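Engineer: Given chain H, put chain L with the ligands in place with the hints provided.
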Amino acid sequence: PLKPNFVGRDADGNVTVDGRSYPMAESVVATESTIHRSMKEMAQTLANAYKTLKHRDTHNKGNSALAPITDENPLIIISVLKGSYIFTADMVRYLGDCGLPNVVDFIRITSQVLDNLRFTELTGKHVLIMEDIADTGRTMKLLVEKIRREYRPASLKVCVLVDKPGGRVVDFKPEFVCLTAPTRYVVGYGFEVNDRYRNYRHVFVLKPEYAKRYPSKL
Amino acid sequence: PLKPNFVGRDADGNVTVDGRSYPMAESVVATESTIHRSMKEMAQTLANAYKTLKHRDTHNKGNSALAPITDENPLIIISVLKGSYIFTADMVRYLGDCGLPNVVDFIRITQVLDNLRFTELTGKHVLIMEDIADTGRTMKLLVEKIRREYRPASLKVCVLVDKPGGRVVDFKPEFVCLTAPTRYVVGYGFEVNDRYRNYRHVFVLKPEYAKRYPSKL
Ligand SMILES: Nc1nc2c(ncn2[C@@H]2O[C@H](COP(=O)(O)O)[C@@H](O)[C@H]2O)c(=O)[nH]1
Ligand SMILES: Nc1nc2c(ncn2[C@@H]2O[C@H](COP(=O)(O)O)[C@@H](O)[C@H]2O)c(=O)[nH]1
Ligand SMILES: [Mg+2]
Ligand SMILES: [Mg+2]
Ligand SMILES: [Mg+2]
Ligand SMILES: [Mg+2]
Numbered sequence: 006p007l008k009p010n011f012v013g014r015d016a017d018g019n020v021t022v023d024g025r026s027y028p029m030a031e032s033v034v035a036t037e038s039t040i041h042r043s044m045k046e047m048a049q050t051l052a053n054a055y056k057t058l059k060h061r062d063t064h065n066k067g068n069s070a071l072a073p074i075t076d077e078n079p080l081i082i083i084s085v086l087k088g089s090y091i092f093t094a095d096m097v098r099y100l101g102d103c104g105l106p107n108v109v110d111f112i113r114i115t116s128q129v130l131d132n133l134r135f136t137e138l139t140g141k142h143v144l145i146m147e148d149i150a151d152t153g154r155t156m157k158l159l160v161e162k163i164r165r166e167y168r169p170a171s172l173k174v175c176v177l178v179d180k181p182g183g184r185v186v187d188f189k190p191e192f193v194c195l196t197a198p199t200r201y202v203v204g205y206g207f208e209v210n211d212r213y214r215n216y217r218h219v220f221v222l223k224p225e226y227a228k229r230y231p232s233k234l
Numbered sequence: 006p007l008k009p010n011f012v013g014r015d016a017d018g019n020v021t022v023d024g025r026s027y028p029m030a031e032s033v034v035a036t037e038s039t040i041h042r043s044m045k046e047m048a049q050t051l052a053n054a055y056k057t058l059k060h061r062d063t064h065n066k067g068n069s070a071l072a073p074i075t076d077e078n079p080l081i082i083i084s085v086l087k088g089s090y091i092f093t094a095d096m097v098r099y100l101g102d103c104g105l106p107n108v109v110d111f112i113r114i115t128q129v130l131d132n133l134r135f136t137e138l139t140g141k142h143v144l145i146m147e148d149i150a151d152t153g154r155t156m157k158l159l160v161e162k163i164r165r166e167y168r169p170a171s172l173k174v175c176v177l178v179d180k181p182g183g184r185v186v187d188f189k190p191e192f193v194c195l196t197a198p199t200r201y202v203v204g205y206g207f208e209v210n211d212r213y214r215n216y217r218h219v220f221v222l223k224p225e226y227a228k229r230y231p232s233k234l
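For the record, the sequence lines run as chains H and L.
Residues 6 to 116, 128 to 234 (UniProt numbering) make up the first sequence, in order.
Residues 6 to 115, 128 to 234 (UniProt numbering) make up the second sequence, in order.
Check before you lean on any hint, since a few could be wrong.
What the hints assert, rightly or not - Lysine to any residue pairs mimicking SDA-like chemistry, simulated, CA-CA at most 20 Å apart:
(1) L:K45 x H:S38
(2) H:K45 x L:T136
(3) H:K233 x L:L7
(4) L:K59 x H:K8
(5) H:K66 x L:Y230
(6) L:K228 x H:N68
(7) H:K87 x L:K45
(8) L:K228 x H:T75
(9) H:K8 x L:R25
(10) L:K233 x H:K223
(11) L:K45 x L:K228
(12) H:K87 x L:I114
(13) L:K233 x H:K87
(14) H:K228 x L:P106
(15) H:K233 x L:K45
(16) H:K228 x L:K45
(17) L:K233 x H:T139
(18) L:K233 x H:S38
(19) H:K233 x L:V186
(20) L:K233 x H:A170
(21) H:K45 x L:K8
(22) H:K233 x L:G67
(23) L:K45 x H:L7
(24) H:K87 x L:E137
(25) H:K223 x L:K45
(26) H:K45 x L:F135
(27) H:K59 x L:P169
(28) H:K8 x L:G101
(29) H:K45 x L:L234
(30) H:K8 x L:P106
(31) H:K228 x L:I112
Since the hints were derived computationally from the structure, they do not count as laboratory data.
Excised from the complex, chain H in its bound form:
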């Protein structure tokens, strides 16, 4: 993933990355190597932010003292399906590289809650939401409020792969931001049009003429 990537155009005028054409792409927001550089650095930022904190001991319920973040009481990561699963898969491995014990549960929402968390012991825990992109801010603002009210974690913060601060309509600022995008619809590396393009290794601005390309329900 961290081999340098070469952006160009083919003879048809389509964007290429490393010689492969992407007819749906207007431009390149970030290539694979750029994305993974930001994720590795972000994992270290996260390790540094969390590794000395303490929170409620649920490994041993007979204990009353707050406990360090360990395999016994790891950082709780809430990963928002579907858009975050690839991002989360790469991030948790880089967090392992940095020695930060964590466990992952998923929640699936619209942008409301389709699939609930199955972790039940979040009160008094350090909890980190891993989310694909913040645009108007409304989805995360609502999710953060929901988790805070239902569980009352010791802390609740958001890490996004991409922030689009130009789209904000509510006051919402993710504590941790890997990449920033212009105020456009992006696809690639988790981002999709009706699930297409999600498995690409780079993030692109979608051509407007592709926005309605796959209207048939899956």
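Structural biologist: Just chain L with the ligands now, with coordinates in the frame of chain H:
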């Protein structure tokens, strides 16, 4: 991921991979570079198996002819949560390298906890991506259910790990990355009460660690 990993033992006799100690590990099943080599080879295998197949056109429903596998009508991948999500993340990008259009939806089972949201699977080629087959009961039941309820044109299973020595029902995955003995493994998607899931290598767990984390998450 694909530079060869060094496997050793530290002064305490614990397994090391690239200088990092894993006290919960009895031994290494496969390191990261080996796993990713097997996944890249599997992605080519999958692309060869599917690239020329034809299935129902739901992109243009006015077309009665079967249609090739394309962005318009991709391979449907069902990924089994939670155990398959890292395997699936890596595999779909290798499938992209091999030019096989695909889309992923998730099903959560433990019993079915969270159903698919895709609904239009009739007459589609569908591939299940799963972490490990042991007794085979889990996949035998999932396959029967998907066949019955969705009626795909074809339904196959790709597992990261097969433990054929544990097979005790009529189930055989079509596509297998790695084959392992009948031992409990952890790392790279495999866990003990969610621990060790984010490690980059697959290990045999020490039996002493099997009950290390009894408390509900
Ligand atoms: N694929 C894609 N989805 C986006 C983009 N911007 C926002 N989203 C979607 O909208 C959600 C956030 O919406 P918000 O509530 O912040 O406006 C994201 O989680 C994602 O589903 C984008 O540029 N590309
Ligand atoms: N972590 C881990 N899980 C296993 C192992 N073997 C079987 N499983 C679990 O059991 C499920 C399938 O079991 P089966 O129904 O084939 O016996 C897997 O999806 C996984 O949850 C193993 O060696 N390690
Ligand atoms: Mg998401
Ligand atoms: Mg999504
Ligand atoms: Mg699970
Ligand atoms: Mg699974």
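Engineer: Enumerate the violated hints, using their earlier numbering and listing them in ascending order.
Structural biologist: When the structure is compared with the hints, numbers 2, 3, 4, 7, 9, 10, 11, 13, 15, 16, 18, 19, 25, 26, 27, 29, 30 and 31 turn out to be violated.
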